[PDB]
Structure formats: structure tokens, C-alpha cells
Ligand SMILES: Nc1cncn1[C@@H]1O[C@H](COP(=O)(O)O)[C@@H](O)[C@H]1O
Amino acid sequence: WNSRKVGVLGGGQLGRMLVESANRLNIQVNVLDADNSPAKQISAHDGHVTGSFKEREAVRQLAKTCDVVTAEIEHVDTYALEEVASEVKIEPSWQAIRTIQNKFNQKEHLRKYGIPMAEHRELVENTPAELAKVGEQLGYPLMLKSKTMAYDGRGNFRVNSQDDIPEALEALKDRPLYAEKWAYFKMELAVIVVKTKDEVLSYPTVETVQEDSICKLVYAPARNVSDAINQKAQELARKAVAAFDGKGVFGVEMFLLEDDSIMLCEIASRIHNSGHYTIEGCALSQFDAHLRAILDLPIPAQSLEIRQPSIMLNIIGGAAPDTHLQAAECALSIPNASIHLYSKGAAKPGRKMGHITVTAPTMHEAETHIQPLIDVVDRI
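For the sequence just given: structure alone, the form solved without the named molecule:
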């Protein structure tokens, strides 16, 4: 069962956690990324392919040596993937990844399936006049969005008023964009879905908190949220994921609106930051679940249940190249703190350097244990 070889496009922390799981199962993983990547570092064998998963020919080498190829990002060359689909299984599917990696197309496909979402207008002209018109239809503020290559919200620009139109466009020059109606959410939610060969399952709904457009915190499960909203959100995520072909873990972002209704923010065709808490909080982490789904191995549902309330805090670079080691050093003394350093090295501000996951029998207790670290992070 475990003699197959899994190829992973990307060798960052996501790829790494993934390799932690395969290692557990003695399943070989061949990472395609820079030599030395966080993920090649815990997997000492010769099967790895050095290069970019944006580069056609490497992806080609990866493929020809693997039984299944998967990705640890949604910005991979799905055309290069399309080429080898003859040679190797690809999961999830490259069409699904293709639709998904372009934020506008993902939304329009989803619309066919009736998924609650924020209204938007594709921007064909990229002229301040075109945008003014949208503004009139959608109102301010508006969230100007890049369709592709999007992450950490570096390709998004909040347009508060007709007057920011120029800064917005200068900000997001040379890209296809769409403008989306503003989501007045009271909380951001996320659900990790496991799409298998036969079913679509999900972990419980959690609460995500981004600072500076970057994920800073996750509370699992979501604080002050009725089991119903929880289910609803889950139920929604599963349905949105089902509109895709292929297997594996999908990260689903959502918005909790003031009336407690739910809208989809965006889907990620791969294991995702919101789910790192499953390492310590559930029987099978999303990494475990991903491997299993793409190789058709059983996935008991109770294994995706949350064992104890957990709170995950990302370690993000600050200006000083050690800060991440500062957060971690502090972490060493937080009770019930589980520390994950990414072995990326020296920090660049805003880079994801590691994460700390804290558990306790109750959320309150967990919040109490981690505050001091949260504090340290804020201050420094």
C-alpha cells in the first residue's frame, strides 16, 4: 500500500509537514523545489528534483519518476501538469487546480453550484473610469483583487473611495483584476476539506485572524460560534469542494457575516495554514489526511474530530533576523506549546518562519497559556 512514490510540487513548510506524514508511513516523497528546501531536509534519499514547480521541464522530471504528483501551492504550471497527466496520476486534478488558481474563474465556476459569495465585477479595462463604474455598482469600500499569483493579500488593494481609484491601480498595475464587493464579516472562518475517491469530509470550523493580511492566528474550533454556524460553514465548504475533480485536502476560507450567514472568501487546492492545528488537535492531521486521500487509503471520520481546543500562532518575520527565534525561545516555556520551526533560516519581514500550537482542555485555558507569547509577538 505504501510502496508508491509521491511527488510534491514545492518544498516549503507545507511540503515539509507533508513529508513528516509520509515519513510516518514510510511512503517515499520526491520533492521538486530548491535543493535544501525545508522539506528536502527531513527526507534523505536521492529521489528529489531541484528546480521550480513553475518550470515545465522539472515538473517533467518529477512526474516521470512518481506514481502520484501533488502540489503544496495552487500556483504551479498546471499546463506542465496537463502534459504528464498521461504519464502520472495528478491529484487533485490539474483542471481543478487550473480553475482554482485564478480567483475570478474559481468564483464563476462556483456560482454554477450556488455557493454564497461576494458580488464582484471583472475589470477588463483597468482604467480608472471602468473602476469608477464598478464603484457605483458595488459601492465602497471595495476590495480590488488580483486573479492569480495571489497570496498574503499582496495582489489585493482596499479601495475605500472613488478617490483612491488611482492609487489602487498604480498599486496593482499590469494584472488582470476584478473588484469585489466588501464583506462585512464579523469573523473569518476556515474549514479543511478532505476530498476522497468516494466521499467529501471535513474537519470542524475554525476561526482565523490575519494581521497585515497575513494569517496570524487560528482558534480551533471557532470561538463563540454555534454548532450550527460551524456545521453550516462545514457543509458549505464541502459542497464547494465537491464542484471539483480530483482528490486531496482543500483549504476553504469563509466569512461570517453579521447576520450569521456565510460566504465563501476563497478556496485553496491544497493543505493550508488554517489547518496546522490538526497536527496536535486531531488524530489525523490534514497532512495525514492528504496523503491518504490521494493514495486512496482509509480515512476514519472520527480521526478528523478535534481532540482539545487549540490555538495556532504563526511565527512571522519581523525586521531583525532572529525575531523568529525570539518567539520560539519564549514558546519553550509556554505550557502545552508545540513548536514548529520551518528551517527556512533567516527571516524577512512577513515571512512565515514557523508556528506554535497550544492545546488545553478548554479554549479559555488555551488563551491563558498563549497570551504572553502573543504579547511578545506583538511587542517585537
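Numbering follows the first chain given and starts at 1. So that the term is clear: the rigid core is the largest set of C-alpha atoms that superpose within 1.5 Å between two forms. First, how it differs from the form solved in complex with the named molecule.
Only one entry in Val209, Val124, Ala283, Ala301 has its C-alpha moved by 2 angstroms or more between the two forms when the rigid core is superposed, and that entry is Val124.
When the rigid core is held fixed, the Cα atom of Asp198 travels less than 2 angstroms between the two forms. A movement of the C-alpha atom of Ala71 falling short of 2 angstroms is seen between the two forms when the two forms are aligned on their rigid core. Core-superposed comparison between the two forms: the Cα of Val84 travels less than 2 Å.
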Contents of the next structure:
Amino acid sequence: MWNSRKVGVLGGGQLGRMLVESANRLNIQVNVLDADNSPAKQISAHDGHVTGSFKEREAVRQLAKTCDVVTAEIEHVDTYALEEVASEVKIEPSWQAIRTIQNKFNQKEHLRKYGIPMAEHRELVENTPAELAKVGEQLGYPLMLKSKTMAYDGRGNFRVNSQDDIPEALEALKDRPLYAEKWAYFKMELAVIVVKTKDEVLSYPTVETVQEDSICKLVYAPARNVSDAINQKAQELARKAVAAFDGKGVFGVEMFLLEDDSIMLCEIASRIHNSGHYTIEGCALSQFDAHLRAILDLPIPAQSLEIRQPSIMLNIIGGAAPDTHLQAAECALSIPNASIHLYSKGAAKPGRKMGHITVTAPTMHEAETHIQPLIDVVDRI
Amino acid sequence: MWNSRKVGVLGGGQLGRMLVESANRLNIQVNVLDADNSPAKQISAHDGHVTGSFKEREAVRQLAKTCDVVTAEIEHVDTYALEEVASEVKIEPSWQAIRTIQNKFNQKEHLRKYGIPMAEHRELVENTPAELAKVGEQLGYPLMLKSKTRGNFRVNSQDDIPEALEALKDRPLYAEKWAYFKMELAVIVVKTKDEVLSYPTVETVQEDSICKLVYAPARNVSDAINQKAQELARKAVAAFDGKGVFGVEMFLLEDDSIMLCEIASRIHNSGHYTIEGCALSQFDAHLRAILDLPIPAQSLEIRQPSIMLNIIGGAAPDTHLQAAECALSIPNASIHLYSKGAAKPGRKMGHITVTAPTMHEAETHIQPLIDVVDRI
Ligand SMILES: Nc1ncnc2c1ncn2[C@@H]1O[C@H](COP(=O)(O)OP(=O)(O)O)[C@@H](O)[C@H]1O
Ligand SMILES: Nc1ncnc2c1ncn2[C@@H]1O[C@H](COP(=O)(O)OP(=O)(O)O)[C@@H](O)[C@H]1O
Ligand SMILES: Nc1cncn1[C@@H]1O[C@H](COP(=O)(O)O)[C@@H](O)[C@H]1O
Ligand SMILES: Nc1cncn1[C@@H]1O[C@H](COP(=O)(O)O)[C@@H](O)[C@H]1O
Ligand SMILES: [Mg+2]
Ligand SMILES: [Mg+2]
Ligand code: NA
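Return the structure block for the form solved in complex with the named molecule; the form solved without the named molecule was the one displayed.
To see the whole picture, the full complex is given below, headed by that same chain.
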């Protein structure tokens, strides 16, 4: 009815899985495109999934020929197959938004036309040290070396501190299209989850995030020690970046806070984002519930995106050992107020996002205290 | 690891479903024994499930054979069948405790040995008019005609006896002395290998004999009554062997004293609010309890006032859809549909839990949904 439609999700990792939990609560059929038995398929026992990859032309097209709206839980999808099937199903958010967004360098130039403040950069026309060395004397060291495509979870980033790191950097991001970014000296990082609807623009509070080795680690929601003046500029900034893109759906906005208190965009995501996991226990409508509603033109009471109590989300990243992530979840079993989410991801690879723990509390202070020991254990591994 | 043990659950209705939701978060495998595509199995795509009824000796024996522990999501389960296998698989909570509980008369007699304040009652051996009549004289009217095993009949005076008896024909009974409560109460208790914990006392509301609404916590009920209820609950449940979540329904008497209504040996309707209401739901709590995992006390506390509205089948096989479609627009409304599909009259189709910082506030948001459901 309002829930008879089928939703095609390109990608079926943890994100796709949180989306399915939300789908399941409303009895909306979610057909997933990804490997068999992926995280999302694991909790949706029916026959509509499609086996194959989201960057796969014919797999992308089959999914679409069987669903009323096709969405994505990842950006590195075949937007060409999507333009091809644009006539057979609705796509939200838009294939052009995804195509743009999926190339970081391209995303950025798209936004610069829009006024968006963002770190200086230089594309790398070949992958020579000569080239890099050059760009180095153009924007200084260190600098962030980055792959234009396929990057997520710090996977296409490489900090270059000196000209002596050059070969390692290049090796590291071997055979990928690159660009370098002038350093961003942030006093903190922020993120706003924006929701684009048929007739409205909604958003959650600004949160403070902490990244290490280029990967998100913690999220404090709402953001600590930030004036309502900053929260605000942050929010405007985020809505602006989003308005630059076509589509209904949840959008993730990453910004850096300058020592000067001014704001910079770090990157924009045309999907459900790690920065918003706290919404599950943190608000009445999680980002995941929100996103389905948006792409299905279902209501979204704004009150439901307000934060119920303070919270902190800690990621459970693969460590040196492959058992290691379990030890963290295990410790979480004893943190008061800690909600544990394991991704059913398989082999835990170092740096691999394997699950998250979200801790709430009537006050940050107290949420901070409940979680310390778990960060402590997490830290020593 | 700590989450490599297998859980087999008898039943795959909305209860097993939420129980499955919780294990999927922990990636703990659940083999459900029930029909195919049961609400629960649909959210658990693996091959360990068993197709059958939890009333058939063999379906059951098959499930134990593939689990570490066996638990249940419905009370009417075969406990002799379960008994048989307590040799091959651990059963939590006890088949004995289950067996005792699923008979309300026996459940009742075990609990008097323990001091559980309850209604006086009288066992009907004959299901004869003359026998009932006598009882009535000791107990007074009206009184509650009850089956030990929809199964109740309020009897007002001598004359209703007749109607009252066919009314509960086939079944054996005992009648209960009237309870003049001013409110109904419920406590979700958690029996751990080591302790008996409870979540807060909540107020429950019925309609046509089916839970309709629950107010968490119970409205304008002093802190003392709350704790008294919690105490009584914990104490009755401690009279049982085995681990796991137990739901205890109580009567608040006019004099503010508490009387036990009944105990259910499992995750129970009155506790659904614990999903959005507490850091650890009753589903989360059960899985931990049975598997011996920590259960931090604070995680059992109510984060904010919440109200759960059950979504009950009406006359139309779609109506639940109205309720939920109306709820899409209710502020702070967390919707739970059971994928039971086919709406029949009075069937439990889903539930909605609405939260807010204050109970008054939640009542305000949910009102219209109530009217809605009421309109139909
Ligand atoms: N210019 C930069 N200067 C300093 N640190 C950066 C810069 N760009 C990225 N980072 C750091 O790495 C994190 C992840 O980088 P990002 O560009 O967001 O890639 P990913 O797609 O893999 O998220 C950022 O949150 C920030 O900590
Ligand atoms: N002794 C009693 N006097 C008044 N009402 C009673 C009595 N016993 C049961 N009831 C009412 O009947 C409803 C169902 O009774 P209960 O013993 O819980 O039966 P069931 O297991 O069938 O729900 C109760 O929740 C309460 O309203
Ligand atoms: N982190 C991220 C960025 N873009 C998508 N994801 C999530 O990460 C997945 C899987 O990452 P992994 O490479 O560890 O399997 C995606 O499908 C989605 O759920
Ligand atoms: N109503 C109830 C009573 N005891 C448990 N349940 C739940 O009801 C389900 C089945 O309800 P139905 O008869 O409508 O199919 C059971 O599996 C369990 O979840
Ligand atoms: Mg990022
Ligand atoms: Mg009852
Ligand atoms: Na950092």
C-alpha cells in the first residue's frame, strides 16, 4: 500500500543492513544488490535479491527491473547502468548526484561553483614523484594524498609529510587517479546528516566526529563545546552542499572546524552515513528510517529527528588479529547503556569497520564516563 | 567466540521476531522452530531453521539437536517433549518452571508456598452448576471463572452459572475471587544465572480482553508502589528454576496494595516499550540472561516516558495498515509491523511506541492515533 513498494538497494554492507532493519519494521521489501549472504541479505529472507556487484552493469539493471525505487548504500556504483534504466524505475537519490559524488575531485569542483569553501588541491596528471614533488611545493607538507575514486573509510587517503614519503605514497595508492589536498588544520571535525524530501529539507543536529588514520572512530552527539553560532554555520553549510545535488534521500556532510572558527566542508555523501549511526538509539526516527521515508515520499515528523538524550558512538575497527573486534563487543556487553551493533561482516581485516557501539545518557558527561573503559580497551589493540 | 553459541526458540511469531532482531545485532544465530516464512524466520536468512510446530515431539527433538540452548516464545509449548531432551540440550528457563506456569492453578499453588499475595480461588473439580454455586457462596460475586490452561468468564451472581459453564465447556477450571483493582500493572523480570532483576513497573490497558495500551512507567503511581510491584514480581519469579525474561502482571488494589494477577515465562507484550524505552530491551535482556552475558542494571532503566499501542486486527484485513499509516505522521512514533500479513479480528498485528521527555507530552502525540484506532 503505502508499504507495498519494493526498494532496490545497491550495496548490502552494514549500511544496507541498517536500512533493512528499518525496512523490516515497516514490512517494506528490500531487494539487495551485493554478494550472496552479505550483511543485508542476512536479515531479509525472501527471493528478490540479486547476486553480483553494484558496480556491475547487468546486475545493476536486473535489480532495477524488479523494484519500484532504486537507492544506494554505497557511492561506488555503476551510474551508467542507472542512467540506462532511468526509464524503468525511479532512482533516489539521482544517478547524476551519485556519479558526481563518487569522484571526490569531481564532487569538489561541482561544489566550488556553489561557493563551497574546501581545502586547496591539485589534481595529479600522471603518478610521478616529479608531479607529486611539484604539487608538494605548491601546497606544502604534509598533505593528504587521495584517490579520486573508490575511496571510503580512509581507503584512498595517504598522508604525505615530506618529499621523502613520495614513493611510498604513490606505491600506496598505486594505479588510481589521484589529487592532493592542502592540509586542513582543524581543531575538530563535524558532520550534519541532511534529509532531502519531496517537499522539505530536514536535518539532524551537528555532531563532533573523531577520525584516526583517516577513519572515523568516535561520534559525540550533539557536538561538544561548539557555540550555537558554530552549530548554525555548520547546518547552513551542510544544507547548501546538499541543495547542490538532485535527489531525495539522506545525505552526509563532513566539515572541519578551523582554529579560526570558520568552516570548511571535508566531503559530502549521497547516502546514510557513519556519522549518523547514533540516530538509532538517539532519536525517534533514525537516519535509516528517515531515508526510506524520503525516497518513498512518506512523512517525516521533524520532531522525530531531535536528539532524545546525549550519546557517543565508537566504531569497532578490525585490529591486528581477526578475533580482536570480538573482544571489543564483549567488553561493550558490560558498559552501562551501550547498544551493540555487529555487522555480520566476516573476516575482520585491520582497519575494517566491523560493528559500532552506541552509548546514551541523560548527559554527555555521564555518557563519556560510561564509555571510557571500552575506548580504553579498544585503544590497547 | 561469546556469540558463536546457537539459540533455538520454539515459536516464530512477533515475539520470536523481536528476539531474532536482538540476536542479529549480536550476530548470534537463532534456529526457530515454527511454520515456514514465520515472522521471525523472514528476518533470518540461514539454514538452521526447522519447519514444524512446537507441539510435535519430533519437530522439537530436531531443534535441540542443533542448538546450545532451547528457549520459547509462546507458553503453550510441549514441555514433556522439552523434558525428554533436557538431557541433550540446555532449556532456559526450565521446562519444569514452564510446565508449572502454563497451568495457572498450579502456577498459583506453587506460589502460595512462597507468600505471593494473590486472589483466593477455588478449583472446580466438576464443572457442575452445583459446585460452582457453592464456591460462589464462599467467594462472593462477581467472581472470575477461569481455565487453568477467551478462557475467562466473569460470573455476576448465582444465575450466570449456566451460561458461565457451557461458556468454558471442554476446559477444566477454578474460579477466582474478584479483584477490585483501580489499575493493572506489569513488570518485566530478568532471571540471570545469578540474580533476579526487573525493569520498572508499567501500567497496562486492555480492551475486549486484549492488551491495548501500556504506559511506561505507570502514570500517577508513587515510587513506592512501583518498587513494591517490582519486588513482588522479582520475588515470584525467583520461585522458579531457570534463566530468561519473565512477564509478571499485577493488580493495584484500591488500598494501594499489590496482588499478583499472573506470570508468563517469557518476553511479554507489556515489555515492548523496552525497545525505545531502555538501553537494553527485554529481547536483548533475554538473550543475555539465557547465554550468561552481562546485563548492566542501568540499561534496564527507562530513558524516557513511552506509550506502546498495540495494533489489533479489526474487521478488515488491511486496517492495521491505517493504524500504521496514521502513525507515520505521529511525532516520536516508532512503528513495529509483524509481517503477519493477514488481519483477522483481534489478532496482534504490530505495535507503535511513542516517546517524549514527559508522559504528558507522549500522551499528546499519541492521542490522534488512539482516536484513529478507536474510530475503527
Ligand atoms: N586535507 C585534509 N587535511 C587533514 N586531514 C584530512 C584532510 N582530508 C581528510 N583528512 C582526514 O581524514 C578523514 C577522512 O578523509 P576523507 O576525505 O573524508 O576520506 P574517506 O572517503 O575515505 O572519508 C577526514 O575526516 C580528516 O580526518
Ligand atoms: N480475579 C479477578 N478479578 C477481576 N478481574 C480479573 C480477575 N482475574 C483476571 N481478571 C481480569 O482478566 C484479565 C485476564 O486475566 P488473566 O488472569 O491475566 O488472564 P489471561 O491469561 O487469559 O490474560 C486480567 O488482565 C484482569 O482484567
Ligand atoms: N563505509 C561505507 C562507505 N560507503 C559505503 N559504506 C558501507 O561499507 C560497506 C562495506 O565495506 P567493506 O569494504 O568493509 O565490506 C558498504 O556497502 C556500506 O554498507
Ligand atoms: N500473543 C502471544 C501470546 N504468547 C505469545 N504471543 C505471541 O503471539 C505469536 C503468534 O500470534 P498469532 O496467533 O496471531 O499468529 C507467538 O508466536 C508469540 O509471538
Ligand atoms: Mg570522510
Ligand atoms: Mg494476562
Ligand atoms: Na584526527
